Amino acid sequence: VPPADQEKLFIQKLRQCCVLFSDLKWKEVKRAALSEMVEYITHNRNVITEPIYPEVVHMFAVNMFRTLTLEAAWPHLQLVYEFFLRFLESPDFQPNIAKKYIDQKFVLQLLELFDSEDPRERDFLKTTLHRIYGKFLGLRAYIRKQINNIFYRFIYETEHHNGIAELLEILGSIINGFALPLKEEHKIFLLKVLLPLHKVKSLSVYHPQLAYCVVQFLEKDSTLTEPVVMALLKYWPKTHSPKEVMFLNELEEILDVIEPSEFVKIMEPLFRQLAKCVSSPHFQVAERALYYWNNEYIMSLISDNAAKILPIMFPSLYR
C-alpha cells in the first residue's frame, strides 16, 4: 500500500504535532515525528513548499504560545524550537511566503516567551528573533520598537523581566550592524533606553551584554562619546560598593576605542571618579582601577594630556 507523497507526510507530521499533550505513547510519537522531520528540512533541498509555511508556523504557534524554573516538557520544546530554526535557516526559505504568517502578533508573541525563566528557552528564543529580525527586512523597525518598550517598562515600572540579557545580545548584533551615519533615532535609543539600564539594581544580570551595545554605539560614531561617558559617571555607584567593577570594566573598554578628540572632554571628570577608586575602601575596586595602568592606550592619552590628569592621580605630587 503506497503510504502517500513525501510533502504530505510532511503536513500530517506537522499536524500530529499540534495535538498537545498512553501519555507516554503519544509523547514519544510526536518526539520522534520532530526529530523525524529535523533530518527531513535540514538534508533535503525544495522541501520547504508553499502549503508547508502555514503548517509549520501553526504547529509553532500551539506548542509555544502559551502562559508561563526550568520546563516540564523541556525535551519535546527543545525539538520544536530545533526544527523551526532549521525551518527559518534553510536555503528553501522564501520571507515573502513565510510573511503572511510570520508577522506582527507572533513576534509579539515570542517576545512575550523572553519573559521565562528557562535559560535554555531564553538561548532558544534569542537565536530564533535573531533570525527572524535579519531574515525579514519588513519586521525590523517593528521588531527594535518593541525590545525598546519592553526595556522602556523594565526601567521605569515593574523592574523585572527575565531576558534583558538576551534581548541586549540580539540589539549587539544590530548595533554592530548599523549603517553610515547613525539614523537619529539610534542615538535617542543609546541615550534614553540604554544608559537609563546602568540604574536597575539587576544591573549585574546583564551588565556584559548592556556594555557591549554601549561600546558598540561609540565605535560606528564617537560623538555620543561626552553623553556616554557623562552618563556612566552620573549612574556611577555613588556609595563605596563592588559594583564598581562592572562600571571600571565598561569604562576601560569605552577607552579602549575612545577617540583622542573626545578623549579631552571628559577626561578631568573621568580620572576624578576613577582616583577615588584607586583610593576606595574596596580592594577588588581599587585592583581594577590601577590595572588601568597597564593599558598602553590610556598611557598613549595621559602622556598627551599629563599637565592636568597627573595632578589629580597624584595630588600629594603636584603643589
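Each form is matched to the other, and the largest set of C-alpha atoms that superpose within 1.5 Å is called the rigid core. Residue numbers count along the first chain shown, from 1. What changes on going to the form deposited in another entry:
- Positional change of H240 between these two forms reaches 2 Å or more at the C-alpha, relative to the superposed core.
- If you fit the rigid core between these two forms, you'll see the Cα of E55 move by less than 2 angstroms.
- Relative to the superposed rigid core, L301 undergoes a CA displacement of at least 2 Å between these two forms.
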Contents of the next structure:
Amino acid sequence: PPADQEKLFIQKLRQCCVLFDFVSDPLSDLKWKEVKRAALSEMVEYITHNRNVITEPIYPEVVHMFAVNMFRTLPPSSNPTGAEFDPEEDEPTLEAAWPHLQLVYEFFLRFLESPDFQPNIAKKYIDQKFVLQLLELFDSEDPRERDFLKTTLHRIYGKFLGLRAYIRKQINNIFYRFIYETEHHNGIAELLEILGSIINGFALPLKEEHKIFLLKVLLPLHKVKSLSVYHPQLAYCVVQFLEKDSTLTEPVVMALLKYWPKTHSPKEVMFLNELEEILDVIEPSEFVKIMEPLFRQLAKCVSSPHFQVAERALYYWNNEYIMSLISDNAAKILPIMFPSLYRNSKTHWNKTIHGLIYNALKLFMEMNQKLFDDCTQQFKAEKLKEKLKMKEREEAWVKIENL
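So that was the form deposited in one PDB entry. Now I'd like the form deposited in another entry, please.
Just this one chain is shown here; partners and other molecules are left out.
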C-alpha cells in the first residue's frame, strides 16, 4: 500500500543490522543467514526497479545499516611478510561473509546510483568519518571487496563536492604511510584507478595542489618493492598528467631517473616500459631537456647483461616516433649511445640481443654516417682524469699534518 510500505522498509533495515558469524562458527545459523540474505536481496530488487522510495527518513537508516555491516577491523594478514615473499604469489584468502557483504555493497550502490538520490540531504550522514572508515576497508584481502569499494568511493567522490578535498588528503596519507613506513597495503591499485579517473576530470590551468601530488606522491610510489602489483595503473596516472600539462615532463622523467632500480630487474623492465609510454607523448621541446640523462641510462640498459633489460631497452628502436626524435637530435644522442652497444657487438652470451645490437648500430649510422671511433680517445681522457684524481688525494692526505 501507499504508506505502511515506508515503515516496513525501515523495519527490515533494522533486521539487517544483525551481524552473523561465518568464520568462528561456520555451521551455525544457516537458516537465519538465509533470512538475512533474502531480506536484503529483496531490498535491492525493491530499490532497483521501483522509484520515489529514497524518502528523507530512510537515509540514516541505510548509512547505519552499511556501517554496522561493513566497518569492522580487518583480521591479521593471512600471508607471510618479509623480503623473501612476492605479494603477487600470495594465496587468495577470501572474505567468508561474502554471502551478506556482497548484497550490502550491491545495495548501498543502487542506493547511490538512483536518480532520486539527494546528495545535500545524505551529506549529513555520509561524512568525513564515514569516508575514513570506508578508506580503511581498501586494505581488505578480498579482491571483490576492493572492487566494490573502488566503485563506491568513486561515486561518493563524484556526488559530494564537500568531501572531495578530504578524500584527496586522506588517500594521500594512506600512500605516504605505504611508501615511507610499511611498504604493505592490498589496495594500492584500486585507489590509483579512482585517482586515474580523477586526474582526467582536472581543470585547465592545472592547480598547484595536484602538481605537488604528482611530484610528491605518485612519483615516489615508484620506489617500493611491490611495484608490479599496481604499476599499470600508476603508469596510467602519470601519463595522464603529462597529457594534461606538458611542462611537468622534466621533473617526472628526472624523478624516474632518480629512482632507477639498481638491484631489481623486473622493475627495470617496468620503468623502461613506462618511460616509452611517456616518450609517446613527449613534445619535442620537452624532449631536448631530458635526452642526455635519459640516454645515459639507456646506454647502461642496452649494455645490461640481463636479457630482459637489454631487450626492452633495444625495443625502443622499433618506435618510429622515438626513432625520429633521435634523428633530429643525433648530434647529442649518438656519442653517448655508441660506446655502449659497440662494447657488446664483439661478443654476447645471448644471441637474440646480439642480433638486436647489430641492428641498432645499423640504424644509428643510417642517421648520420659517424666513423667517430674517437671512442678510445675518450678512454684515454678518462685515464688522465684518473691520474689527476689520485695525485690530488696525495696532496690532501699529505696536508692532514695540519693547521
